[PDB]
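Given as structure tokens, the chain that follows is alone and in the form deposited in one PDB entry.
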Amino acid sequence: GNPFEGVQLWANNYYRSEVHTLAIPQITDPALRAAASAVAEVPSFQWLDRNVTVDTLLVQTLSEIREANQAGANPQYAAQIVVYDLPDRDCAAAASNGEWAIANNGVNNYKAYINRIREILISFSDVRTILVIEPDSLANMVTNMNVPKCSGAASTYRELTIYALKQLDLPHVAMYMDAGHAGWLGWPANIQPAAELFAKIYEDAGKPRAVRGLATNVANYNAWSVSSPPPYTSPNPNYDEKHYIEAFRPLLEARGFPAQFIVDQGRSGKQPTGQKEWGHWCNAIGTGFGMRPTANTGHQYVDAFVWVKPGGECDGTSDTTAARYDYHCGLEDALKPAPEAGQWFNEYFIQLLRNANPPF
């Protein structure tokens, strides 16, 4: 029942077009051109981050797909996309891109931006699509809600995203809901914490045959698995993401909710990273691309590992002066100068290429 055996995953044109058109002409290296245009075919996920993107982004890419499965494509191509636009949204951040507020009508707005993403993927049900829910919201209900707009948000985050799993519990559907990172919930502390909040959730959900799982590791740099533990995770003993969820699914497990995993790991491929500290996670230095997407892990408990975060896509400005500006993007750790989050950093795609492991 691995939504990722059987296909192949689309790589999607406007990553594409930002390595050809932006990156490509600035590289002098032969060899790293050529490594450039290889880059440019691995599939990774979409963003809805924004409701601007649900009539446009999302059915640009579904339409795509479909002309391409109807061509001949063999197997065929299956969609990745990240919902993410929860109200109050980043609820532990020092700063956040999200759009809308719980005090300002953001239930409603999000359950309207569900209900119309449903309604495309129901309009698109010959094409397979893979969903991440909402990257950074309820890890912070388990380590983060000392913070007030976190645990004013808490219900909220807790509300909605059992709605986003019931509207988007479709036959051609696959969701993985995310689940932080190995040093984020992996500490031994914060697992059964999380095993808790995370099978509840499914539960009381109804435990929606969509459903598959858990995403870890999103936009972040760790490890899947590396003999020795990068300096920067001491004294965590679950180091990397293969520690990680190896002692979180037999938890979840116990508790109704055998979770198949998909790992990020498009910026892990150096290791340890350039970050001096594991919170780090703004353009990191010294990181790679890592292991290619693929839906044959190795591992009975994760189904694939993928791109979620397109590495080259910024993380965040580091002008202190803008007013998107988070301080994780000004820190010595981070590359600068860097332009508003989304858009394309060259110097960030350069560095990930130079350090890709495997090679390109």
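Residue numbers count along the first chain shown, from 1. Heads up, when I say rigid core I mean the largest set of C-alphas that superpose within 1.5 Å between the two forms. First, how it differs from the form deposited in another entry.
- Large C-alpha shift between these two forms, rigid core held fixed: of 225, 115, 97, 109, this applies to 97 alone, with a displacement of 2 Å or more.
- Once the rigid core is overlaid between these two forms, residue 63 does not reach a Cα shift of 2 Å, moving by less than that.
- Once both forms are fitted on their core, a CA shift of 2 Å or more is seen for residue 27 between these two forms.
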The other form holds:
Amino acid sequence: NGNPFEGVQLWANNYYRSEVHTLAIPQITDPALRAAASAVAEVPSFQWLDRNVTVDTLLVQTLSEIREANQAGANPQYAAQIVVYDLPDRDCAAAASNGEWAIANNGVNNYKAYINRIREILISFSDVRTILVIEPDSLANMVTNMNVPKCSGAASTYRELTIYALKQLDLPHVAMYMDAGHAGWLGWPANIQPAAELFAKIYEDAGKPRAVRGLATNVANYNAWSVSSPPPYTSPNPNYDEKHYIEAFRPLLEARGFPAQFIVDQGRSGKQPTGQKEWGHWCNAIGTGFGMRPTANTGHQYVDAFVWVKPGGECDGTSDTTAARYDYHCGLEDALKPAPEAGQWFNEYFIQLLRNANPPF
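Now that you have shown the form deposited in one PDB entry, what about the form deposited in another entry?
This part shows the chain on its own.
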């Protein structure tokens, strides 16, 4: 079917614009950086439904604004970009982004109701083309972290709820992309076949919903789409950038009946190599910059578009060792500190991304 990024304009949401203008710009002293910051507020990054309260507030508000714009004659029409991110026992292999719901406290029923309400809302807004990224990190943890107690404990629930979401959100105007980790996680030659088996089986078990378009890679990470030599921290993985990963991964998925198209996050991929000391250091990484802007013109048959899924400037996790959600990755030498709770605005990190932007603002 169709590439959902073709023939539309991507709406830049007002939540991210509001962070930049109300929190970042007033604290930025230099004129050029203020002007740069205003420009990055217009880059259309995904809007995250990270908490249940966002469904009837922020989601409805964004879809309503788009409808008004399109009903006025926007050309091309705008499309929404939304992330579904509220699994019970969320972020199973880390502490920083633990969610509001727990499997031991009716999390499965809370999640099904959240999905059902999202579905009702998307049905009401069927006139708005909606692109969704389904639960970043969830299935990638199923592949490599079955040795982690929280992840093995949540495995059967993650599989059931993913299938539930793929079926309930399989709507005419919706395109879904399942999160598929990244080059440095599932792109390792040892992990790529097992990842292809898992994604292709979930797709099959969901009844191969027509709205599932493929997979999203590099969400909330910093990998290059394509570099000319391997960054030192990538060795010895031969799939050292997303282009290598996706070129190796698509054949294995298509072999198992899932001919997935991809979308690749590049919101924090502008500077390479990054300042990461190890490829697994994912929290508030130093030496990173805003990367390639969202576009359907990728020059690749398997890639629907480059996107900005993780909104740069929104924290990856607190550096406070007394916090409930403290994760040691956020206290590393290559993690920017001090840092606020995951998802809260981190001005010093936003300025790092601005200064290191490529292309520049």
